[PDB]
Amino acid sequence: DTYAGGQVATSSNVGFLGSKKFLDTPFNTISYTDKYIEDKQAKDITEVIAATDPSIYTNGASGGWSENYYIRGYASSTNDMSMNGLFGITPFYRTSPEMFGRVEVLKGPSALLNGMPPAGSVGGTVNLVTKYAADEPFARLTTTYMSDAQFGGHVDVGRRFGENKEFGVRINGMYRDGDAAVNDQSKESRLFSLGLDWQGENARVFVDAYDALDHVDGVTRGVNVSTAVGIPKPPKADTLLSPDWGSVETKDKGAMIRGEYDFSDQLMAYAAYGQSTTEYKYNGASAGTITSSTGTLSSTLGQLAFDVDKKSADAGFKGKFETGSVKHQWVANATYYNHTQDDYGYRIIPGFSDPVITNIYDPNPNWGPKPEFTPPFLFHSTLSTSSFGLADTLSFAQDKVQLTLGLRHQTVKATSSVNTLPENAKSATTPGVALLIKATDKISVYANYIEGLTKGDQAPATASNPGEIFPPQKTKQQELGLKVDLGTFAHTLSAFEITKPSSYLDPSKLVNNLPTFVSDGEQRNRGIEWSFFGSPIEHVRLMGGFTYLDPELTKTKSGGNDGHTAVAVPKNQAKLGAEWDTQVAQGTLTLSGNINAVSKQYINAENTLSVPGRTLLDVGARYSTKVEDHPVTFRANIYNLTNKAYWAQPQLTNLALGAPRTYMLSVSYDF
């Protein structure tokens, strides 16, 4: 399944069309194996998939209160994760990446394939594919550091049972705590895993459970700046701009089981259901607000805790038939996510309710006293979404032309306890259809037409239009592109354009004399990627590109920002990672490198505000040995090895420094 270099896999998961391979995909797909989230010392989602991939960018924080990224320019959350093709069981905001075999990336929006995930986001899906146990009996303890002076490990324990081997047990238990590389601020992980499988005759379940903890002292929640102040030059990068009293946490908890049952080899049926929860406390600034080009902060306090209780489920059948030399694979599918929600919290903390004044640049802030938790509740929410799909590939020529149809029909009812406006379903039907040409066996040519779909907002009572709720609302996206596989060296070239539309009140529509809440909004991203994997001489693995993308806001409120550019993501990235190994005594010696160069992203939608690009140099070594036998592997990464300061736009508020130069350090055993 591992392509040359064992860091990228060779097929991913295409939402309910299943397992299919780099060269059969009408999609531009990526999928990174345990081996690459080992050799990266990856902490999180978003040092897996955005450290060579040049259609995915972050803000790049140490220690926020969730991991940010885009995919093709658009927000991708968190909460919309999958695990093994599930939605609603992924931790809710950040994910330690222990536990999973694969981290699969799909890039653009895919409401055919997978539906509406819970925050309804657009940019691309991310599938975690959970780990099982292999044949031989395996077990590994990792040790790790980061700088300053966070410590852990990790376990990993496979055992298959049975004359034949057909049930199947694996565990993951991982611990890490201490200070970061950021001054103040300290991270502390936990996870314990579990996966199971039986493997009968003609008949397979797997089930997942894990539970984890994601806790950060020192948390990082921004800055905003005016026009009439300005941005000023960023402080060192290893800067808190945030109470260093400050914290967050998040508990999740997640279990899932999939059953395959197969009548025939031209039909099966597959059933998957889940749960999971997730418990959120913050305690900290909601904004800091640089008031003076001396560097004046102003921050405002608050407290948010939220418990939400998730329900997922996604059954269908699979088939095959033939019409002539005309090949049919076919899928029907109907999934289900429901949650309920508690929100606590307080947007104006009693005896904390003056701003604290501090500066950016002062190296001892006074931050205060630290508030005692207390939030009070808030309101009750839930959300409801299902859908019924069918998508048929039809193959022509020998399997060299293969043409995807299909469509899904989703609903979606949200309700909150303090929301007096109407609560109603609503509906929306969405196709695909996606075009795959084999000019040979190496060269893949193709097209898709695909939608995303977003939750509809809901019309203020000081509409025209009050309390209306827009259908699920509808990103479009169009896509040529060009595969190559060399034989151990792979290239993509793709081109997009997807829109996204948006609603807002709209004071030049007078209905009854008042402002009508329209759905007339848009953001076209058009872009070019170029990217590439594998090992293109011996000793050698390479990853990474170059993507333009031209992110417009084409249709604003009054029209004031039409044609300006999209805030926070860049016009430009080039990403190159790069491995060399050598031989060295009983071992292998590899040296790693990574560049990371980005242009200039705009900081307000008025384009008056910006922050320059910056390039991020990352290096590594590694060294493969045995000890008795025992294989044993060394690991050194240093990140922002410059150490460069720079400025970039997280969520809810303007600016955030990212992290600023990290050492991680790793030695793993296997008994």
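Numbering follows the first chain given and starts at 1. Take the two forms, superpose them, and find the largest set of C-alpha atoms that agree within 1.5 Å; that set is the rigid core. Compared with the form deposited in another entry:
The residue among 358, 172, 464, 556 whose Cα moves by 2 angstroms or more between these two forms, once the core is superposed, is 464.
After superposing the rigid core, the C-alpha of residue 267 moves by less than 2 Å between these two forms. A displacement of 2 angstroms or greater separates the C-alpha positions of residue 512 between these two forms, with the rigid core held in common.
Can you now output the form deposited in another entry? The one shown was the form deposited in one PDB entry.
Single chain only below; no partners, no other molecules.
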């Protein structure tokens, strides 16, 4: 199932259409292997999916309170990742990748395929495929270092049981802690995971469970800027511009079960259920504001905690039949997601309401005393979603022409203990259509129309349409593409247009002489993408590509920012990762390099503040051998080799510094 090079897989999960090969998939998809994850020494999902993919963008900060990435120029929430196709299971804000065999990306919205995930983001879907036991007993220990002083280890063990190895047990354990590459920042991660499976004659069961901890001392919050003051030059890249005493901690625990039942070679049922809990806590700056061009920083302090309990389910049937010369491959499913949440916080900490005044260039800032962590209860909230979907792929000529049609009906309801307005469920129906034509055994041409959904907002009691809750809001994509598999090297070329609506109270629009809450806002992202992966020549691997994006705010409240460029994202990206192997003694030496080049980004929707493009370099070396026939692999990587200091836009604040030059070492041994 692995492509030449061993770092990319040949198939991925296409939502409820299930597993499909590269040349059969009328969507821009990529699937990274666990070998790739270990080769990058990836510490989070971003470090897997953003490194070579020009359609993914991260601000690249070290030690933030979550991962942050865009796909096709739109936010793709960490909340919205799937685990083996099921949403609401994965860690809330950051995921260390040790428990995954594959990390899959499907670019653009996918409501027909996947329904509406909990945060309603539309950029793309990240699907994490868990590890299960291979046939041969397996035990691998890996030790890790990351500068300045973060040490860790990871154990991965598998074995199968029973007369026909019908049972599997796969366990991963990981711990790392210590000072990171940013001053006064330390990063602690912990994971324990279990992947269990039973393979029956007609039936199969897969069970996954994990317990995770993510903790950052000296967490990065980022800083705000104004047009009056402007953006000063970035301090050196290892500067921490949030309180040294600030910290974030997230505990995630999840479990899921999937069953499959083969009625025949033409019909199968499946059911999946899962639950997870998240406990988040944050004590630190709510925002730092740069109040002078000389680097004065005024930081207000805040505290936040929330606890959320999630449950999710997805069940259905898949079948196939041939009528005349036409093959039908169909799927029908029903999905459910529910969460209950409690929020706690201080906007103003009692006794700590004065801002802390520092300077961003000070080598020795005084962040003052740490406020005790005691945020009071604010409100209880719930979210409930359900869907049911149907799709059919009609094919002829041995699958060389494939037309997919489907619909999904989606419902959503939200509640909050402090909302006084009506709370009602709302629904929408979302279609999709895709066409794929195989020009040759190597070339597929495809097109799709598909939507993304986002929970509707609620009009205030003051509106002409008072208290109206909008139905799920449709993001719309059209895409045309071309895929070429030359054998050991593969290309994808695609062009897309995606429109995403937004809602606001508009006093320019009266009904009954009252302001109307409208869904009249729009962002439109047009893009063209050329990407590639594999081995173009023997002993060489290349992954990367080029994108041009036009992310336009086409319609904004009062028209003030109409035609402006969306914030945060660059219009242009070029990424290339290369590896070259040489046989030396009794093993393989690999040298690697990465270049990541982006153009400028706007910091505000007025487009009066921006930060420039930047190009980052990475280099690495790997040595793979056997010691007494035991596989051993040594890895060394330097990220941000030039130690470029740059501003980029995180969530919730205007700017954060990009990660500094970072050294990583690992050694693995197979018992």
